[PDB]
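Missing here is one protein chain; the remaining ones are kept as they sit in the complex.
Labels run A, B, C, D and E following the written order; every chain starts at residue 1.
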Amino acid sequence: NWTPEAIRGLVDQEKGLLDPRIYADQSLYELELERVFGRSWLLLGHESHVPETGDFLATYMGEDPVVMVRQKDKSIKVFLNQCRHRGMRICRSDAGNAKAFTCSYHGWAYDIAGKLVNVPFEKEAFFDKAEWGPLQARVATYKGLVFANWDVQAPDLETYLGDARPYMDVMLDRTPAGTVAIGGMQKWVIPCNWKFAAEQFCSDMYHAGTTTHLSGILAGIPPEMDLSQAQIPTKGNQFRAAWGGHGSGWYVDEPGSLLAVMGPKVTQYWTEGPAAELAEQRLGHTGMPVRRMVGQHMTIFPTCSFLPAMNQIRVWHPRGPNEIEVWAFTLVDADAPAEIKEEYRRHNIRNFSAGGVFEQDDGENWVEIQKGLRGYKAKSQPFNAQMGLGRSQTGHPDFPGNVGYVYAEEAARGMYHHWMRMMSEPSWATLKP
Amino acid sequence: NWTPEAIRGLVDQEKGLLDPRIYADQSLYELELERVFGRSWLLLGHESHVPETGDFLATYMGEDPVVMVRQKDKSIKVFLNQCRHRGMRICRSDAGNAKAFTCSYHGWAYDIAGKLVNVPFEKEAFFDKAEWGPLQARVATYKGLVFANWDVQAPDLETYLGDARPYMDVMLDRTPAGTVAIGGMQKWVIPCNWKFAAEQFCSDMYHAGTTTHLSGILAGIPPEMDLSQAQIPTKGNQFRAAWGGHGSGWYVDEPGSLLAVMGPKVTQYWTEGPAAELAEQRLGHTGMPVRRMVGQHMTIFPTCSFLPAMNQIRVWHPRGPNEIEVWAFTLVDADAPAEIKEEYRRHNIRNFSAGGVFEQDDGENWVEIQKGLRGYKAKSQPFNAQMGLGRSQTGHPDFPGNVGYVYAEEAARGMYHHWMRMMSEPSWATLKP
Amino acid sequence: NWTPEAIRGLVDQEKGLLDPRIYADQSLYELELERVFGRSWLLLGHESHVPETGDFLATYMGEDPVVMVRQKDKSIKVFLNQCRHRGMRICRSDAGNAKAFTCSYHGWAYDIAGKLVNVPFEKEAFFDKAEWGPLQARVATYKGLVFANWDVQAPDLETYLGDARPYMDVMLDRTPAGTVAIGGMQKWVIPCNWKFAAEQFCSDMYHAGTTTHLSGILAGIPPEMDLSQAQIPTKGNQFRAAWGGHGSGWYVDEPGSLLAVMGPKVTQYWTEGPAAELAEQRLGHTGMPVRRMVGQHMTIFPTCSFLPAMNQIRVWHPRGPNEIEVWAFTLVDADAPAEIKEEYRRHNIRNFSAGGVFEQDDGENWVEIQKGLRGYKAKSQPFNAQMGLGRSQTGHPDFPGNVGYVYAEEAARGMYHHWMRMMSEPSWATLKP
Amino acid sequence: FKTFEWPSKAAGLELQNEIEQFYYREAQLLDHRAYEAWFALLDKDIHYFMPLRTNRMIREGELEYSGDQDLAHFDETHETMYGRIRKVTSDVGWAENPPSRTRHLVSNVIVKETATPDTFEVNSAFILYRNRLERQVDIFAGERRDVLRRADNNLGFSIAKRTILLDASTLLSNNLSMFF
Amino acid sequence: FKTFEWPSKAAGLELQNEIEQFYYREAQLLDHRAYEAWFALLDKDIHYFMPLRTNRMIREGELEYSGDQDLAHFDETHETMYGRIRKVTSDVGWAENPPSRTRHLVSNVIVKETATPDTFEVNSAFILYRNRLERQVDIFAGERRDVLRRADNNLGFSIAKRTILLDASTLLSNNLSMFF
Partner (left out) sequence: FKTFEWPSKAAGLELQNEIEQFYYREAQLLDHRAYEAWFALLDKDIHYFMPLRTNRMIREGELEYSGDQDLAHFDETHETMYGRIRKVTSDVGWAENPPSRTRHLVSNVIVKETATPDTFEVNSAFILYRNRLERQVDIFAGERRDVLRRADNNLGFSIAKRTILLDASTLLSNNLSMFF
């Protein structure tokens, strides 16, 4: 039995130490589904995935299957994809349009709201249908992105995010028209813990600026150029949220990072022109130089990770301590030209799909770590998270919040600290922002 | 760790509620092999599987491999398929004829009784051979069906069945010659809990009369007829056993169920002619209109399931909380004509094999439910078992015992109640009828 | 939870009883990794696997991936194949030569000693590198064979082996030139517990002298010869170590076993000639006639197993209670003729590889035992380890140490007894010889 | 079922090509859910058979397969196959709605002539890859023993008889919702 | 993607053999990591495409595959393919260093002619067996739809277009570091 005392000792943000058991222990994972995933805001997709009435999307909240469906009154409703009679899946396809939902086991019928409307042979065999509908979740939308939470005790989405909102708006609020999701959702399986993937997009630029993506950059630079010239970025910053365990990292004034991954046509759209002029004008309350921010990574705790400068968005669905499913999609501006939309589509496939020149090396690292953690001695000594320890300060003229150096693990320590808090503190009164 | 108090809270027959954890919990499953499968009467097959001296059948009791074998004195003996030296399998083939069983590891020899008769280099290295034979099970037969039980303190098979015997006799007791098993046993693996399968044949006609088998009926009805003409039987009765957790359900008068599944020649044999009249004459002591009974389903607790009308019999072998093996065979009257036996053979393959038009939809439901039960929130709220609640009565003029409506969950509540009792009551003094 | 009292009840060497749960229980296995594999001397390979400076071999210590490397000063160093930053595998190939090791995740550079020499952006983002290198193991070589141990409080290799050393010298110390390993490491997976495999090479000639290898000998004897003339070896002896749970068994004088397995050339080389007489003189002072010893098996606790006469050595790497990996190689005398070296190579592949005519039947037994142990009743009754009980003597006129008959389980009782000791005695103060 | 009795004189290049091409076309029909188009290939006198396979000692090896009077995985006629086609194409056919993704890889085609002109006994090996829903993967392997008649259709042949010998005792799959 | 519309008049024995042999030679290049040699087969105007595949009810079965304006597993031109080749042959390409062990089993080759001389539309099925590091195994099955043009290389043909239909919704492998 994991006592609150034992859980607090797994993460030490003061010394910068992480107990490797957190990625491997079966008992800890069981608690994660309750303490972390059961009461966090989890990403399900975009409003454009379910644009019209009756449109649905079958996705996951932890290991719980859920149905995200647009209603008649233009609202989005999320309910558990489980019939309360004997546990059968109500919505058995990936996506589409439904006038109603019906269970294939015993014929219990449901409306698009997720309410039990008809029970076969109810009068002869039977109890109120209003009470026996599938478990509903709280639905909140942040400028396109749809989030869900089971817990009524949990704070609202706006307060949950905190000062991480400005960095989300770099991707989500460049035009008054908003964003739209490109069709299709990539799905693949990685045998590793979700925290390895969540931490990397939270704080780990360190892997991209060193060895992991040497061949990834090589793939994107012109045939006439090799890694010897490839401009190496060193200047940048890292953001840690005041509350939540949210983190972000970006390069400052270095085109070679975005040029190799996204190409010249995307960079032209992102940094120059009236499109980039409107982006800096709309994001004036922050005081950020968004035209100078290139190659950004961000994680909204626990499992919402994205890359603003390349619009790569993904959810990590947990599948035990030793496995995850990656569900990835891409965003473009609603009023973005057909030329720029195709450039974002092609380059995100080339880089961040299962066969993507960057994604291949990302998974390879995580797969090998998880294997090693099967051993006793490999879990007996803590991991090092001492990078940028006590070097971040809240007084920065351009980037708001707790900001340090790009190659640091302050946001990483912030993520594991918030993980530890959620796992050890049962009440939201102590846990609130 | 599960206390008796905690186990009793998992099942509530009064309110009609089931805790979904009973199908998924690994701790509960480990207790089942001890408290349930370790002391229940379990189906191993039929007498005709082992008709001559030396004939054997390698099967399972729970997860324990066992050998069912006919002796010289016409008796059947069941012992553990494990050598007590170092655990090697004694009988290594599925079925056949043996003069003596020998271990392949160190050559410990056994007779067909299961007794250790020879140990190589015994006079040189050694102990009593009469004490070191594999563990023997109790063997009892009910009208052909061979059952087995490890527990010497357990009740005899006759009392164990109780008032469920009349409903077994509908399939088993029709001719003085008895039943005979059609050769060959079908085996396949379903990723679900054994209780889902046990409950369906016990108390679930509701699935067959609603949505599950709509395509199965479509496959059976004449090519000229479509589903809109197919009869929808509603009249029928369900039976709950006085003790044991057994249950049976049947349609009354409406032949649309049997005519589609078994065909016109089997329905004729079951309801009309001398063969049907003799069966009613033989089952006069029970006082049931057996010719009116069509499309029956039954489960002998825990894992002996059969369909008394179509003569499909199956054992659910547990393989963890998330898996079962289905072992299925078919019975016919011994003195029945060749045309009837061929009709039973063909239609049982067409409907109830791994590729059967019914079985396909049966397993598809169970696979989805088990997958759903991986989630935290999917196991947080109870399943509804409130169908036919407090409507069954013992004063039925046609059918004996606790009889209610065909579309009900009274037998289901009784199954999960007796399961709850076996898991919580460690001694037979309180458990027995 | 496993108390010291409960662990002692699992093994009874006085009554010769073994609790089958030791091979199947998950909790016991997790304790094995700490109390047995975490502080035992474990065979990694041979000196000739890493002959030059920088030469490495990636292998395992239990489930911990380890790197064995020859240093500049001819010493051998063993460290954990895990980077202390975020767990990535430092050495990602099976074998070869390296001037340095580098982590592919963040670029942490290591020397061939396992010392952290360089961290990218260390002066900019940070911490002492001397404190953050992979966990080092104690390295000790016994006449070619390289052993490793994590525990600093554990006794040295010589003391650990004890009076089992003269029996190791039968294979390892026949010539002043020593032994050399033939190239190539055979690796395959068997779904069984490591203790079955370790016990077999420890005390089980009984299986080879009975039923397991009747087809293996048939594969080795001349085409004109059948099992009737194969010659049945019955005479021989078995050795149990004073401390450690080490054991060895061999035939005496009877050449029928060695001739079939290794052929006429090796059998002659082992018994008659200048090479065999040199071994007689070198190992005569230990009071052991090696020319009479024909066909031998030996286990160094826990997982180092070898067959002296055939020179087949193997390490059993545990992969849970239900699985092992077998890593096997072959030894030859360093100064042995090319013809003898080739016969050793050919016959070891023929007999002991994954497709070996002996190995095939060895694994087949263990697979079926492990499958059996899934059942409740299959683990309820103890296994028989009573063979040769109270029949071994420490004053044997032919062989040193505690010596009994070849078909006995004295060395087996000693192995499981020492296993029980390591599992119940946390401190080396009481455990040591 | 013993080793297939291949003729000493191997089939002609054209006939070998035609029958191989027929199987590739048949596989395409099945792998793209053209069930009604596939059902048209089956003759009215078809016997679609998949026997049970058991673990037997070498001494009892003649009892490895289930007989004509025993149970089987499939033992179908034209009328029973029609029902299965009506089920697989149905909206209420939950086992194949949503439908599975399958791949019939066909090789090892041996062609034997019979006494009846334009009718051939054909032996071939297969691997059937079945992917279902999110994560479910079922892999089947075996041989097919067919009787093929020359027919005037899109594929060139019709199926008179089919016996599938599956390399399995206990089926590792939960169902057989696919056609072999 | 519907059933490959094969011609009634089947391709000649010589052409059938030539294309089959091309695929066997191609498989050998890929299975022995001859990436430079394999890349040379790709024409300037190559479209290398592998669409996403989703679970849909039969009623909405038209939405199974991802469209032209949707994401995919692969959507590559000659220039983007070149970058992938530079990564896989790179000593710092960790996903394939140490490299995987692959087998491209090819069968079910159907050959169709086009309007352009020496240009052929080809359909074939595959099983790709991928073994990585110590014990990792990933098995893929599907079909390929190629536009091949006659070329004066050591294989006989060059690849103008390739569409790979993989029998998977969610990919069970952690990456697609291999070429199909």
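Keep in mind that, in the parts below, a residue touches a chain if its C-beta (ideal position, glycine included) is under 8 Å from a C-beta of that chain, and two chains touch if they have at least 3 such contacts.
Considering the full assembly, D:108 is the residue among D:69, D:108 or D:114 that touches the omitted chain. Within the complete assembly, C:212 is the residue of C:48, C:212 or C:303 that touches the hidden chain. Across the interface with the omitted chain, subunit B contributes residues 92-93, 104, 189.
Interface with the hidden chain, as seen from subunit C, comprises residues 92-97, 182-191, 211-212, 214-216, 218-220, 223, 325, 329-330, 345-346, 348-350, 353-355, 357, 359-361, 363-365, 367-368, 371. In the full complex, subunit E touches the omitted chain through residues 13-14, 17-18, 21, 23-25, 27-29, 31-32, 34, 37, 89, 91, 97-99, 101-107, 127, 129, 131, 133-135, 137, 139, 154.
By our rule, only the chains that are shown with their structure count from here on.
Legend: contact pairs of A-E compared by residue number with A-D, B-D or C-E; the interface matching in over half of them is B-D. Between subunit A and subunit C the centroid-to-centroid distance comes to 48 Å (mean Cα coordinates, whole Å). Mean C-alpha position of subunit D lies 27 Å from that of subunit E. Among all residues of subunit D, those that touch two or more other chains are 94, 97-98, 134-135. Residue positions of subunit B with contacts to 2 or more other chains are 92, 211-212, 361, 364-365.
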